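Shown next as structure tokens: one chain only, the form deposited without the named molecule.
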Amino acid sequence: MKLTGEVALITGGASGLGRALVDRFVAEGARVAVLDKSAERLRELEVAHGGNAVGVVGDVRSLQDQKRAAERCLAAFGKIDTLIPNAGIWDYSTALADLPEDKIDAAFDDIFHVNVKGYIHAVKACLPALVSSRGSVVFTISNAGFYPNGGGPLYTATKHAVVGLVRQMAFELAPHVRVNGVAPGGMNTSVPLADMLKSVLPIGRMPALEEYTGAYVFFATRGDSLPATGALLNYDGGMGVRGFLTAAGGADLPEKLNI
């Protein structure tokens, strides 16, 4: 019950990883405003958490759709303690040499409006409310904001850009708003599952969406993440610490120590 008397806003939270955040957050005493594209999946979400969660149908790319989401949150809950810019769109890990000349301009704009511009507006929209409550932002980054091969050029640049957002907003919004980011990866949400545990994830297992929720709960806990601003907790099963020939270094440790 770590988030008792708390209010959080989550974009793109009516599905995928953002939905897991919702369920968990509610299950922590929190109160979650949700901006998303799906009117149906927002209504199903709302009855799932009776009066602990509100949902506003919108387009994360729209600044106005973000201001509304802020306003409605303020309407029902009267405050905003943790904003979680999260709504993201993928590029199918498409290589540059495979992005066609007649599609690159559209593809760029769409992916950048959702992953970067979407995040900007959210923070812009909620700025009054966050300053008012001296709360925090926790962006959803990704393994792809730090290392390649998590996506194509478009995805990688958009997720490296939200690292800049983490840093610049951590600076600009201080001392009244703490900005942070979590970088999840290797998810139950291109690459074979057998090559995933062997050559990608040192931890050796595809974690459930529920297991990616705690890192966010942390940054949203009143006085547990107070020194945190500008922080980037990489949360991808250890993609940036994997070996050359094998992801895991000591798979055979138990019978190296006769445990």
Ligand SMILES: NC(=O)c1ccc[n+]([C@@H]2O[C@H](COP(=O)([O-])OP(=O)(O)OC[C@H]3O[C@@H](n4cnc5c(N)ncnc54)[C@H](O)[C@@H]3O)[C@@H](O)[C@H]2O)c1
Given for the second form:
4 protein chains.
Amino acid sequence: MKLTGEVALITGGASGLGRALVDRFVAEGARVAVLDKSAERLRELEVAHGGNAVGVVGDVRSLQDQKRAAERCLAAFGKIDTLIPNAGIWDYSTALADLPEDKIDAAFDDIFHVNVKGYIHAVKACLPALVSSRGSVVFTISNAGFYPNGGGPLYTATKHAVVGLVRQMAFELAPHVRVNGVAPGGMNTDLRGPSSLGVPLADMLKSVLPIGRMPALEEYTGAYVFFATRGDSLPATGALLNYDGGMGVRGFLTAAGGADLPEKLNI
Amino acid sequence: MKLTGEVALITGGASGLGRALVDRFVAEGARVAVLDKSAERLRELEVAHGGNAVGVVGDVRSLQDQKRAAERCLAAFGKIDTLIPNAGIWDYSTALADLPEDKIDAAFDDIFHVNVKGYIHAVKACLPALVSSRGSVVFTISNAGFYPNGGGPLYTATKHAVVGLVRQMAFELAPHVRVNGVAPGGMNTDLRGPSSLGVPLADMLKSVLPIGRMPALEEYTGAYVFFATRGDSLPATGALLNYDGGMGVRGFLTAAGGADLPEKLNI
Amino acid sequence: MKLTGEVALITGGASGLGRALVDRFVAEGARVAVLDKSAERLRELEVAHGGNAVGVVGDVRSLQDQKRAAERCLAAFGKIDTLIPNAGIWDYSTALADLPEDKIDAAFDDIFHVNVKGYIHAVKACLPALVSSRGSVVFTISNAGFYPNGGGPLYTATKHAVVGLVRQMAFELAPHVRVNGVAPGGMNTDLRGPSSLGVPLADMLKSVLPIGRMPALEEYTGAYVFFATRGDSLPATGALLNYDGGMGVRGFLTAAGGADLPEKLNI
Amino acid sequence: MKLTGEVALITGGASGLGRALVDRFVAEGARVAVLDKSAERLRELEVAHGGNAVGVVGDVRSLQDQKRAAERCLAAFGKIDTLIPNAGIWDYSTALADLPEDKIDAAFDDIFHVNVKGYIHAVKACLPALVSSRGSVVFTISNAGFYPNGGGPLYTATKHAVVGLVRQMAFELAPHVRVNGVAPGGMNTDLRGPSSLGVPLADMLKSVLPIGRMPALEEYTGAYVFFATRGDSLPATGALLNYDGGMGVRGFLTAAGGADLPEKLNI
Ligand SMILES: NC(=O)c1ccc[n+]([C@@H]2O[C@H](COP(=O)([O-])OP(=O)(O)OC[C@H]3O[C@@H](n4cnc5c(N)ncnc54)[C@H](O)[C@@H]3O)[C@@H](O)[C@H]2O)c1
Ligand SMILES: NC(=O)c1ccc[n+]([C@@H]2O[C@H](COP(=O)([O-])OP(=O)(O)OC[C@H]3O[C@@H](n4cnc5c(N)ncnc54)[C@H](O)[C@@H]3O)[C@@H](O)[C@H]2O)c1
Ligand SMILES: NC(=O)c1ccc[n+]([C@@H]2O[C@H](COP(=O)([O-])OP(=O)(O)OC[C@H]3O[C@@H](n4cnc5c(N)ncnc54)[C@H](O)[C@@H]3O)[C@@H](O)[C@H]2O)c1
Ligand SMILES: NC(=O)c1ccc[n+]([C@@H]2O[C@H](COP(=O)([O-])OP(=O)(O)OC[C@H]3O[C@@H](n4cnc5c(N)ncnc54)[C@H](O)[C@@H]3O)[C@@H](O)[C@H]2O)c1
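Could I see the form deposited with the named molecule bound next, after the form deposited without the named molecule?
Now the full complex is given, and it begins with the chain already shown.
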């Protein structure tokens, strides 16, 4: 019940991690506005959280649809405390040599407009409200914003670019608006890619994830609730939380190094 | 109450951030065991929190002291869920040039034994318990573990060394024990030093903290509660949470970049 | 002469750092092909360096232009050993708030196509050659790829995005092609911007550069020579060389910390 | 021939990487002073480089032996341009659960005194000369200063601590002395450990090193020559070069991702 009386705006929140955030935020007593391209999923989200959540049909690439979202949130809930730019697009982990010449330009535009420009526009549109509420921006990043092999050249670059947005916007919006970033990873997603283009579980636990399990979307919502809590994260700005099961602390031969511990410590 | 039923062991928790963490963890429904060398201040928290806080007097540099703290935590509460190695000493930001040639060796030992060895000895002492509970470690680092001018060569090195403890212990203790770091910064505590040695934050704020204010000790507890909440931080291990008012994302001329922002929007 | 027999392709090398790199690489015994949109300045270096430098006029945003540069390099010199994507555009450090709502979309495309896509298209065009020679890529990043206030949201994001290109391309092109980044900082160049938009470094030095001086363009070439020397940088891939006069290690009050050091030692 | 007329002091340079640096530096026309505990190897080094190199028998843990080294270098060569604190001790990659209780204290003291305090004392002793020569410090670090599994809790912490020394000393010694760090890895070493304590090639190339080979000590010397070159690294201070074959950019399942490239690009 950390988010009583708090109002969030979450982009791309009609499915996947975005939807999980909505469901959790509403359950934490928050009021949530969602900008997404999916009309029928937005209405589905609205009836699932009657009164607490409102959906606005639009494109995150459009600044005017971002403004419509910010305007609709203010109209319905009076304020915007926390902004979660979350809408993202994958590149099917396509390598540079595997990107066809005749498709490489449009693929760049698509992935960068949704992944970076969408985040730029979202903060731009909600800025007046966030300065008024003295709130915070929590960007959804990725392990592909810190490490390779979590996407091709396109997705990795877009996700490293939002890390730059975390740092720059934290500087720019201070002392009024705090800007932080969560970088999730090792999820179970129905994440899609551009129209221009087109790891086994056993290998994922032994070599990719030290934690030795692939958590559900619900387990990735806690990080956002923390950043959106009124009195829990005031000192936090420019913060980067790697939330990927330990992809950056994985070992050379095996992901984890303490699987023997229980029977080594005689428990 | 978010930590109901949980048990924490915090070192250096009789004053400053540590005490604030004790207060907050008890208030959140958890039970806290505290290792500190200050006898008077351990009694102070004992009467304050009743049976929910046990104070064990000892030095963090001593392993058998650390083990005695782990014993008492198990005897009083039955388990250990979250270990918070927090006990730390400062070097007054004494430069290498200002370090006396006869005081340097003893000052190196003093600061590294508490700041790094005491962090090692705590995990070592609590390892069988934390493995049993599938619990987690949360190190108190500092801005001095990431950027210079937080302390001198000694303090900076020690706080950088615990960053190494975060990464190595996150690998070594996986999959059962998650290991994370919080790095507080804008604090204003009576952080003491070595008896082998001899500018206020407020006087320099607009060059240090983009957040534009000085957060209370209480405001730094939320990050630890997060890493202590099992249903909120499961996919987090090896994570480094910069919690320093944005010291690492400050500007060149001034710390914050948007002093004249509310007038650009007419708020 | 350290680069005798080697062949380099540098983009944006008709002025500033790029030209300095051309000058230095030719002086070190190598032969340089240059891609730039400035026709006059490409002629200027052609007469200066004789047959050892070929200028190809084109846009880095265009892949077939990039391929035409790779063709001409092979036609003139027979191979490509070191590719230096360097062509870059600035945003005048224009804040998100100061970005017009009608100029933002076109400014995003302008800056990201040159700064990120032009870096992608260069490697893509030169990949068959660099794989053939077991050569290496060296990206020109910036302090804005690591810390804020180097540019606005756009430039910072782009320069952070190339950091992602370093990491992903270092993985994708291994074991045959090493991929590294240099990040210059204390430069003083006529770094232009997008035609969709409208404080000197010297005026702010003691807050910016710990080195206490402004290095000439020539002084920034040595890092690239290093990554271009096969017998000197073989174990280097994915390396990020901060080359910014120490912007990331500056103090809070002043950039440098030992102004009064020679008197503490009586020098 | 980059180092003509340059004078270096390198600690622990009687064997391994240190010795390789001496041999290379002398071959680059540099004059080298070496502080090491091995008397017979120092004299062996001296006769191998007659006139250009001078050896001083002492302990890096001793500040007075560091002062003797700095004094002997000045006496023989008149100046100290570059200091390379290189003397280090491994921990046989011993995990925390594998460190015996009765040995953990002395092991900490030994590894931290050589690895961190030695570096502290070296800079301390050469400081007067380095301010006079306006030179630079180049610390030898390790991949274990950035990533886990390159050592146990002890070695990883010591190597992360020197990264802190790079950042702090770069701040402290500016604008006169530049402070940088090289972090080598994937070497072929006879590196030893403490008396308290006590990866196959195929697995090392497929999972550990993207470059797909284990280079000789000679290939790791180039990075140091760059930092010690008079006019090649003036803008460089606080710089961290990961020089480990790409350990930090390695993939999830395989170290490299472009082994198919040659026959994919039809060469
Ligand atoms: N796949 C993974 O495991 C993984 C790893 C790291 C990071 N992430 C990040 O998680 C975040 C959310 O992922 P998800 O699982 O919800 O993906 P998803 O595809 O399930 O959901 C994405 C949502 O964004 C909306 N959307 C996409 N483009 C839009 C546009 N242009 N305008 C408006 N709406 C748009 C879609 O309608 C969809 O509802 C993304 O930013 C992704 O980069 C995922
Ligand atoms: N002071 C700041 O602004 C600041 C900034 C960043 C990080 N920190 C970190 O905060 C952490 C908590 O300390 P604090 O800031 O509250 O300072 P503090 O001095 O108020 O608290 C330190 C506690 O550690 C205990 N302690 C010290 N040495 C001990 C030993 N050898 N054995 C047992 N107990 C010992 C002390 O009794 C005290 O209760 C420290 O690790 C410090 O590095 C402080
Ligand atoms: N200005 C600074 O102080 C500073 C600081 C850090 C990093 N940098 C980086 O240095 C790099 C080199 O640029 P510079 O500083 O010499 O500035 P510059 O403007 O002098 O050089 C840029 C060159 O790129 C060429 N160019 C620009 N757009 C092009 C295009 N679309 N197609 C082909 N060529 C194009 C220009 O003709 C010019 O010759 C840039 O990537 C910049 O981001 C500069
Ligand atoms: N093993 C690897 O592949 C690896 C990986 C990363 C980093 N490194 C680093 O490389 C550096 C050099 O390694 P190396 O191969 O030369 O090791 P080495 O054991 O071959 O050489 C170390 C030298 O240091 C000297 N020395 C040690 N302790 C001393 C003391 N207290 N006083 C004086 N001299 C002392 C020894 O006499 C020896 O000559 C070390 O700092 C090590 O941490 C090695």
